[PDB]
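J.: So the chains spell out like this:
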Amino acid sequence: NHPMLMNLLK
Amino acid sequence: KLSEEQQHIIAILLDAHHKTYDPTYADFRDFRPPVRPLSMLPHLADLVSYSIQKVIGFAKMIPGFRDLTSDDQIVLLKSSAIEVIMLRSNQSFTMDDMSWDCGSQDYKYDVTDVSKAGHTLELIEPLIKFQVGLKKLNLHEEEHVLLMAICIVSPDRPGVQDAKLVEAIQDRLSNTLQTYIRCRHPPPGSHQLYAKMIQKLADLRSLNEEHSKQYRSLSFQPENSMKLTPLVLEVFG
Ligand SMILES: C=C1/C(=C\C=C2/CCC[C@]3(C)[C@@H]([C@H](C)CC#C[C@@H](O)[C@]45C[C@H]6C[C@H](C[C@H](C6)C4)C5)CC[C@@H]23)C[C@@H](O)C[C@@H]1O
Numbered sequence: 626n627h628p629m630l631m632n633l634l635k
Numbered sequence: 123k124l125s126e127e128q129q130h131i132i133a134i135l136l137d138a139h140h141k142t143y144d145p146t147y148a149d150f151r152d153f154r155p156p157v158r219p220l221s222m223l224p225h226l227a228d229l230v231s232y233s234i235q236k237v238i239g240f241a242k243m244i245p246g247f248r249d250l251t252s253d254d255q256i257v258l259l260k261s262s263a264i265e266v267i268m269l270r271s272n273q274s275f276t277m278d279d280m281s282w283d284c285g286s287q288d289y290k291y292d293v294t295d296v297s298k299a300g301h302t303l304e305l306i307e308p309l310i311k312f313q314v315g316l317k318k319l320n321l322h323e324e325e326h327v328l329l330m331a332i333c334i335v336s337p338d339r340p341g342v343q344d345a346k347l348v349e350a351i352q353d354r355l356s357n358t359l360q361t362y363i364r365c366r367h368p369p370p371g372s373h374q375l376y377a378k379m380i381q382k383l384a385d386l387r388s389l390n391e392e393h394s395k396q397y398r399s400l401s402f403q404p405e406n407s408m409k410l411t412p413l414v415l416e417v418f419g
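Sequence order for the protein chains is C and A. Residues in the first sequence are numbered from 626 upward in steps of one, following the authors' numbering. Count the second sequence with the authors' numbering and you get residues 123 to 158, 219 to 419, in order.
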């Protein structure tokens, strides 16, 4: 679960 | 011979790098200030957190990388981040005094600053060796960015699902690098340059292990973990 990393990838 | 596609790849990575590495270091003013027990941990955590963001930006521009799933993207960046930072940091590293010099005294980092962030010679010695060995390859910028990309897109990282795809993306980058060396890197510096560059990736895996073990320690101390950033916590665990 990686909301910030996920968000920087989007 | 460099195909048009190989040249396109190189141009993309050069530009991805120019977009994510600001050689003025102006952003460093916004970090918590360097203080010189773990006096440098707040500043160096900010520095690393900032650079994780740049590395993510660079990764996103690697040809083929956005064909990956989100999970695989995450997994590759989670395992590669610290390594790519070490690699990219070679641009500020100076052998004049084995320090990373980011434009002023305050932002000049030596081995003592690195120990003031909680590391010992367990990391610091292979890290300096690595930086000096890398510096001595005198890589063309084209080789430097290709190596960062190769580092990120490695099929044997823990957590990888579609290893065959990561491997196909990495192959195209390796073949580009092998071919660039042959066509554009004169002897004698080309001499086994590919194999030497790959050795540096093996050295990074080793540094990563050292990083993890020390980070695991530093974590079991919530008072120190409290000084990190939310990004660093999410990426390094
Ligand atoms: C980071 C870069 C630059 C320098 C890199 C340096 C010099 C300062 C000290 C660093 C950041 C080293 C780092 C302290 C090693 C490490 C580590 C992690 O385990 C650690 C240690 C602390 C606790 C957490 C968060 C961070 C502080 C990083 C995990 C490696 C690369 C070094 C400056 C410029 O070239 C941009 C480049 O991205």
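Just to be clear, a hint being listed does not mean it is correct.
What the hints assert, rightly or not - Sample of chain C residues at the chain A side, in silico, Cβ under 7 Å: (1) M629; (2) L630; (3) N632; (4) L633; (5) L634.
As the list claims (entries may be wrong) - Computed list of chain A residues with no C-beta within reach of chain C, every gap over 10 Å: (6) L124; (7) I238; (8) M277; (9) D279; (10) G285; (11) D288; (12) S388.
As the list claims (entries may be wrong) - Think about it this way: if two alpha-carbon atoms lie no more than 25 Å apart in a straight line, the pair counts; the simulated DMTMM-like pairs of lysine to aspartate or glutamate are: (13) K635/C - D149/A; (14) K635/C - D338/A; (15) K635/C - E126/A; (16) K635/C - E392/A; (17) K635/C - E304/A.
Keep in mind that the hints were calculated from the coordinates and are not lab data. Positions of the beta carbon are idealized from the N, C-alpha and C atoms, including for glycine.
J.: It remains to establish, for every hint, whether it holds in the given structure.
T.: How the hints compare with the structure:
Interface hint at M629/C: satisfied, since its Cβ lies 5 Å from the closest Cβ of chain A, which is below the 7 Å cut-off. The interface hint given for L630/C is met, as the beta carbon of that residue sits about 6 Å from the closest beta carbon of chain A, less than 7 Å. With its C-beta approaching chain A no nearer than about 10 Å, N632/C sits outside the 7 Å limit, and its interface hint is violated. Below 7 Å, beta-carbon pairs count as interface contacts, and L633/C has one with chain A at about 5 Å; its hint therefore holds.
The restraint placing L634/C at the interface with chain A holds, with a minimum CB-CB distance near 5 Å, inside the 7 Å limit. For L124/A, the requirement that its beta carbon stay farther than 10 Å from each beta carbon of chain C is met, with the minimum near 30 Å. Residue-level check failed: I238/A sits 5 Å from the nearest beta carbon of chain C, not beyond 10 Å. No Cβ of chain C comes within 10 Å of the Cβ of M277/A; the nearest lies about 33 Å off, and the non-interface call holds.
No Cβ of chain C comes within 10 Å of the Cβ of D279/A; the nearest lies about 34 Å off, and the non-interface call holds. With a cut of 10 Å on Cβ distances, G285/A stays outside the contact zone with chain C, its closest approach being about 25 Å. Non-interface status of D288/A relative to chain C is upheld: no Cβ of that chain comes within 10 Å, the nearest being about 27 Å off. For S388/A, the shortest C-beta to C-beta distance to chain C comes to about 24 Å, beyond the 10 Å cut-off, and the non-interface label holds.
Pair hint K635/C plus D149/A holds up; C-alpha atoms about 23 Å apart against a cutoff of 25 Å. Proximity of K635/C to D338/A is assessed by CA-CA distance (about 24 Å); at most 25 Å being required, the pair is judged to hold. At roughly 29 Å between alpha-carbon atoms, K635/C and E126/A are farther apart than 25 Å, so this suggested pair is violated. Restraint check: the Cα-Cα separation between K635/C and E392/A comes to about 30 Å, which exceeds 25 Å; the hinted pair is violated.
A hinted pair counts as satisfied when its Cα atoms are at most 25 Å apart, and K635/C with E304/A does not qualify at roughly 36 Å.
In terms of the numbered hints stated before, the structure departs from hints 3, 7, 15, 16, 17, listed from lowest to highest.
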